[PDB]
Amino acid sequence: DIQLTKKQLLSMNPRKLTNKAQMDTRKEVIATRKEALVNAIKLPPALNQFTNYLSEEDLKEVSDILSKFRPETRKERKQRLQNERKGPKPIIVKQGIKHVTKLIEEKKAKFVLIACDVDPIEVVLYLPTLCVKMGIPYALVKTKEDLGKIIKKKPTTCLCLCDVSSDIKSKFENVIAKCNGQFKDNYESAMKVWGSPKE
Amino acid sequence: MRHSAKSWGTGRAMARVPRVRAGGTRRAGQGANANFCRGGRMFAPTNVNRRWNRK
Amino acid sequence: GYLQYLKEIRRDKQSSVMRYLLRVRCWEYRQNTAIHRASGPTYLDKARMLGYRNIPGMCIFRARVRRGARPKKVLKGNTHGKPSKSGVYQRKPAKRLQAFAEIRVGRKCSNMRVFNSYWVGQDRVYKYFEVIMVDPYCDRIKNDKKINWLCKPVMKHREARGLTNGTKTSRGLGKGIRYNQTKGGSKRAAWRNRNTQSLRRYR
Amino acid sequence: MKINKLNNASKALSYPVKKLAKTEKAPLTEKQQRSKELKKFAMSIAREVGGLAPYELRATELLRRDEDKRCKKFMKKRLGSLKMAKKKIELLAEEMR
RNA sequence: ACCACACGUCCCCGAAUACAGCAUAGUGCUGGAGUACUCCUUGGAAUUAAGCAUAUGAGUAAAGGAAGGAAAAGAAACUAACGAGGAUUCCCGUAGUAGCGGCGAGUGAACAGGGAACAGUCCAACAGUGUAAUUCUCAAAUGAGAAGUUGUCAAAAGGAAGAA
RNA sequence: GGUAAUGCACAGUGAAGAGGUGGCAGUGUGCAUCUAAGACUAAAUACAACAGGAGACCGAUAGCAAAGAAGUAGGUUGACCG
RNA sequence: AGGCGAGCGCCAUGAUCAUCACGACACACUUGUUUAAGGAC
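Chains as they are written, first to last, in UniProt numbering: chain A, 3 to 201; chain B, 56 to 110; chain C, 2 to 204; chain D, 1 to 97.
What the hints contain is simulated information worked out from the structure, not anything from laboratory work.
Any given hint could turn out to be false.
Not the full set, but computed from the structure, chain C residues with beta-carbon under 7 Å of chain A [what the hints assert, rightly or not]:
| # | residue |
| --- | --- |
| 1 | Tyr3 |
| 2 | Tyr6 |
| 3 | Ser17 |
| 4 | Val18 |
| 5 | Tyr21 |
| 6 | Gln32 |
As a list, the in silico SDA-like pairs of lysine to any residue whose alpha-carbon atoms are at most 20 Å apart [claimed, not checked]:
| # | chain 1 | residue 1 | chain 2 | residue 2 |
| --- | --- | --- | --- | --- |
| 7 | A | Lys100 | C | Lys47 |
| 8 | A | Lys100 | C | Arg54 |
| 9 | D | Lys77 | C | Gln15 |
| 10 | A | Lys44 | A | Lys194 |
| 11 | C | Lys14 | D | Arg58 |
| 12 | D | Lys39 | C | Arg49 |
| 13 | C | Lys14 | D | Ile45 |
| 14 | C | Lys74 | C | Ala95 |
| 15 | A | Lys100 | C | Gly41 |
| 16 | A | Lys109 | C | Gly2 |
| 17 | A | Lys29 | C | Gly41 |
| 18 | C | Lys8 | A | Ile106 |
| 19 | D | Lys39 | A | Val134 |
| 20 | A | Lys22 | C | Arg38 |
| 21 | A | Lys104 | D | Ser35 |
| 22 | C | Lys109 | A | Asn21 |
| 23 | A | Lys44 | C | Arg20 |
| 24 | A | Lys186 | D | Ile45 |
| 25 | D | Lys31 | C | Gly2 |
| 26 | A | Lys44 | D | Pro54 |
| 27 | C | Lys8 | D | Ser35 |
| 28 | D | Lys40 | A | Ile106 |
| 29 | C | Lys143 | C | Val155 |
| 30 | C | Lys146 | C | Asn55 |
| 31 | C | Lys8 | C | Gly41 |
| 32 | A | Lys9 | A | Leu19 |
| 33 | C | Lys47 | D | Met43 |
| 34 | D | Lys40 | A | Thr131 |
| 35 | A | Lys154 | A | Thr75 |
| 36 | A | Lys109 | D | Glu30 |
| 37 | A | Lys194 | D | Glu95 |
| 38 | D | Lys87 | D | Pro54 |
| 39 | A | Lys36 | A | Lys200 |
Ideal placement from N, C-alpha and C gives every residue a C-beta, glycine not left out.
Could you build the full structure based on these sequences and the hints that come with them?
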């Protein structure tokens with residue numbers, strides 16, 4: 003009924019909420035107390051990486067390039083197959099951790115985006131070190147939903163692009179230079195600094 | 056060997072055979088399990104392990 | 002591929018990243034009720050070795066067990082017998098602690114079958130496990146080709162008869178001279194075969 | 001008793017067969033090579049991301065002081081097997097170099 | 001008339017429920033009874049040693065959990081040192097032997113050799129990227145929506161025999 | 001039975017990608033044989049209730065407790081007894 | 001790398017890892033001081 007204040011929720015002992023009626027409150031006590039604990043303790047260097055992400059301004063710039071390579075919907079797909087093959091091979095942005103890791107390993111991938119808010123995190127933890135070893139540029143985004151909006155479908159962990167149309171090439175190269183600044187160029191320094199408790 | 060039986064022991068002016076525990080029936084106090092008793096068990100009951108055939 | 006990278010990290014249990022994650026997760030598991038449903042598997046690689054897929058009619062539950070040996074259930078230490086059978090403490094259970102988790106989840110989730118289970122954490126007081134469950138009365142499952150076998154009537158209550166990965170290990174089954182105590186099917190099957198008198202027709 | 005009549009020398013005799021040589025399996029195909037490469041690669045990334053464990057640090061410290069026989073005893077007690085200890089010491093030595 | 005085969009009707013209490021726990025897009029499922037035989041736990045003493053404390057009776061009795069017409073087991077991280085064999089179960093046998101044991105009382109297996117019956121296969125590691133090709137719902141004769149990229153999806157009808 | 005550990009557990013500790021075993025503790029080195037920590041499997045084997053067929057079996061103090069309205073008449077505060 | 005007694009043990013102080021009290025913070029843990037109090041005991 004009533005929304006409890008932060009002070010109240012931090013005061014309550016979750017193990018003393020026992021009735022079926024109380025379960026939603028038990029969930030909220032746990033959620034708030036977990037936040038306080040994570041802010042209090044130091045993060046290892048590899049986990050600390052996913053605290054650094056693009057501004058909403060840069061996200062706009064990147065999305066305004068990438069949106070032009072949207073995947074086919076089922077409606078579009080049906081039409082295509084009633085018609086004959088025509089024209090050159092399309093460029094499309096690609097999705098999902100299994101395919102992306104393959105394209106990195108084959109040295110096909112040319113630029114990659116990764117989401118931060120992923121649980122459990124061990125799914126994405128290794129991607130930056132692999133990108134640095136293969137020499138591929140990348141950037142980190144705040145939420146899985148930010149990625150979903152680019153390709154007009156359900157949220158995802160990562161997106162990848164393997165080709166560049168000449169029309170876009172000028173803008174593309176500039177974007178890569180911005181990203182290298184915040185991310186790939188800084189990597190060797192980053193892997194040695196522990197995340198401070200937050201003020 | 057079905058019934059609940061026990062000996063009454065000495066001091067009752069009776070033979071120390073096991074007897075049937077009951078009440079309300081004429082069966083109370085009768086003599087239970089032994090081969091010399093009505094409704095008791097036979098001596099060395101016949102048994103399936105006997106050797107039926109011959110070489 | 003991706004599942005290989007996860008395997009190597011999951012094996013390094015004293016790496017800095019794994020010590021961090023074990024500490025935070027074991028804190029959360031103890032604030033929750035003793036058996037509760039999970040949102041998904043904690044470890045994607047491990048759950049997928051053991052037969053999990055993200056289809057309707059499969060679920061993960063999580064369970065905790067108290068640690069250490071289990072004392073003899075007698076009052077004041079009085080055992081009414083011979084002195085060699087008078088010990089109360091330092092008596093260790095026959096089954097793994099994992100087996101207790103599986104048995105308790107199966108009671109709570111009575112409409113479902115227990116498939117497999119795995120370790121997810123420990124602390125001073127508890128040990129924590131995830132159990133994979135399936136629903137045999139579900140249209141999606143009844144028409145699958147890989148787990149449709151769980152719907153056979155013999156598959157009811159595998160955990161109670163020592164048939165699951167966690168419950169099987171105390172039976173002592175195996176191949177070779179090191180497992181002679183279970184030739185026949187079980188310890189009791191071996192006992193019968195060794196303590197019987199055979200009486201042929203011509204003898 | 002129909003046991004223990006021959007000497008050990010005569011029990012060791014054997015019939016003269018004609019043997020067949022074993023078919024060696026040394027060729028390893030292209031796809032098998034890439035498979036092995038990718039596994040070894042993955043093992044690098046884990047070590048890079050998460051680092052060494054406490055007893056590995058203590059072990060490597062002793063190797064710098066040339067405390068070879070102390071390190072040997074220490075590792076034996078941690079891993080159980082004298083073989084595993086000999087192997088892990090050789091891997092740690094190569095990492096430091 | 002009466003009988004035999006099936007169906008219809010079938011008061012109140014009882015798991016007894018207008019309930020408890022739990023899953024799905026949805027429909028739902030469990031609970032009690034029975035338990036000779038099979039599987040999983042827990043676990044005696046009388047008795048024998050001419051006394052008795054280790055040992056024996058015995059991993060038996062008792063008490064709990066669970067399933068089927070059978071149940072369990074099952075295709076070698078297996079034996080063997082022969083000129084070798086080759087899943088599991090059952091019968092004859094090695095054998096009252098090798099050994100265990102106040103080395104006392106007492107306990108006690110395995111391979112071979114001869115047969116009954118015979119059968120091998122799945123998941124993960126590792127799914128078309130010139131487009132999730134996959135499952136479900138409503139409509140419609142070609143549209144809307146749910147699950148799913150933290151990974152879905154790896155194919156045949158069909159038959160005369162045999163028995164009660 | 002498993003003997004300087006046959007199998008199973010609990011606490012500390014905790015691998016390698018190459019490892020396990022060869023009925024006596026340890027260290028080294030060739031040789032032989034296998035591949036654990038995920039799953040399924042017919043036939044040949046065991047035995048109540050209920051039904052059918054047989055017998056060098058018992059013949060109303062026997063044979064099941066019970067050849068008739070027998071777990072009945074009747075009995076225990078009760079569990080149970082008959 | 002210093003100093004003493006016919007390179008020895010003894011006396012000086014300078015780098016390398018654990019480590020026992022004492023402080024001061026809050027995150028585990030504790031308590032109907034609970035929009036709170038303690039506290040690595």
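Structure-based check of each hint:
1. For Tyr3(C), the suggested interface contact is upheld, since its CB lies about 5 Å from the closest CB of chain A, less than 7 Å.
2. Nearest Cβ of chain A to the Cβ of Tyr6(C): about 5 Å, under the 7 Å cut. The hint holds.
3. For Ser17(C), the shortest C-beta to C-beta distance to chain A is roughly 4 Å, which falls under 7 Å, so the interface hint holds.
4. Because the closest C-beta pair between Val18(C) and chain A is about 5 Å apart, less than 7 Å, the hint holds.
5. At its closest, the beta carbon of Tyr21(C) sits 6 Å from a beta carbon of chain A; the interface hint therefore holds under the 7 Å criterion.
6. The restraint placing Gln32(C) at the interface with chain A holds, with a minimum CB-CB distance near 5 Å, inside the 7 Å limit.
7. Between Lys100(A) and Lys47(C), the direct Cα distance comes to roughly 16 Å. Compliance with the 20 Å bound is thereby established for this hinted pair.
8. Annotation: proposed proximity of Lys100(A) to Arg54(C) holds, straight-line Cα distance about 15 Å (limit 20 Å).
9. The suggested pairing of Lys77(D) with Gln15(C) holds, with an alpha-carbon distance near 18 Å, which does not exceed 20 Å.
10. Straight-line distance between C-alpha atoms of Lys44(A) and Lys194(A) comes to about 13 Å, which keeps the hinted pair within the 20 Å bound.
11. Straight-line distance between C-alpha atoms of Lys14(C) and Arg58(D) comes to about 17 Å, which keeps the hinted pair within the 20 Å bound.
12. Of the pairs offered as hints, the one joining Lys39(D) and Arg49(C) holds, with about 19 Å between alpha carbons and a cut-off of 20 Å not exceeded.
13. Straight-line distance between C-alpha atoms of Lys14(C) and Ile45(D) comes to about 15 Å, which keeps the hinted pair within the 20 Å bound.
14. Of the supplied pair hints, the one linking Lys74(C) and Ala95(C) holds, its CA atoms being roughly 16 Å apart against a limit of 20 Å.
15. Our distance criterion of 20 Å between C-alpha atoms is met by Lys100(A) and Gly41(C), whose separation comes to about 18 Å.
16. Between the alpha carbons of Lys109(A) and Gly2(C) the distance comes to roughly 14 Å, so the proposed pair stays at or under 20 Å and holds.
17. This hinted pair checks out: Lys29(A) and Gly41(C) have alpha carbons roughly 17 Å apart, not beyond 20 Å.
18. Pair hint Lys8(C) plus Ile106(A) holds up; C-alpha atoms about 19 Å apart against a cutoff of 20 Å.
19. Between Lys39(D) and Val134(A) the CA atoms are separated by roughly 18 Å; this keeps the pair inside 20 Å, and the hint holds.
20. With a C-alpha separation of about 15 Å, the suggested pair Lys22(A) and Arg38(C) falls inside the 20 Å cut-off, and the hint holds.
21. At most 20 Å may separate the alpha-carbon atoms for a hinted pair to count; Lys104(A) and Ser35(D) meet this at roughly 13 Å.
22. Pair hint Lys109(C) plus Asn21(A) holds up; C-alpha atoms about 17 Å apart against a cutoff of 20 Å.
23. Distance restraint check for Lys44(A) and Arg20(C): the Cα-Cα separation of roughly 12 Å lies within the 20 Å cut-off, and the hinted pair is therefore satisfied.
24. The suggested pairing of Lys186(A) with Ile45(D) holds, with an alpha-carbon distance near 16 Å, which does not exceed 20 Å.
25. Taking the CA atoms of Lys31(D) and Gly2(C), the gap is near 15 Å; set against the 20 Å cutoff, the hint holds.
26. Distance hint between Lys44(A) and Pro54(D) is fulfilled; the C-alpha atoms sit about 18 Å from each other, no more than 20 Å.
27. Proximity of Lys8(C) to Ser35(D) is assessed by CA-CA distance (about 16 Å); at most 20 Å being required, the pair is judged to hold.
28. Our distance criterion of 20 Å between C-alpha atoms is met by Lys40(D) and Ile106(A), whose separation comes to about 17 Å.
29. The straight-line distance between the Cα atoms of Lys143(C) and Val155(C) is roughly 16 Å, inside the 20 Å bound, and the hint therefore holds.
30. Annotation: proposed proximity of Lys146(C) to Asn55(C) holds, straight-line Cα distance about 15 Å (limit 20 Å).
31. Distance hint between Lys8(C) and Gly41(C) is fulfilled; the C-alpha atoms sit about 18 Å from each other, no more than 20 Å.
32. Distance check on the hinted pair: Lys9(A) and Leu19(A) sit about 17 Å apart at the alpha-carbon level, within 20 Å; holds.
33. Note on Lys47(C) and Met43(D): the hinted pairing holds, with a Cα-Cα distance of about 18 Å set against a maximum of 20 Å.
34. Proximity of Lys40(D) to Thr131(A) is assessed by CA-CA distance (about 15 Å); at most 20 Å being required, the pair is judged to hold.
35. Between the alpha carbons of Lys154(A) and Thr75(A) the distance comes to roughly 10 Å, so the proposed pair stays at or under 20 Å and holds.
36. A distance of roughly 19 Å separates the Cα atoms of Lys109(A) and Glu30(D); the hinted pair therefore holds under the 20 Å criterion.
37. A hinted pair counts as satisfied when its Cα atoms are at most 20 Å apart, and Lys194(A) with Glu95(D) qualifies at roughly 19 Å.
38. For the suggested pair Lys87(D) and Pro54(D), the alpha carbons sit about 18 Å apart, so the restraint of at most 20 Å is met.
39. This hinted pair checks out: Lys36(A) and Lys200(A) have alpha carbons roughly 14 Å apart, not beyond 20 Å.
In this structure, every one of the numbered hints holds.
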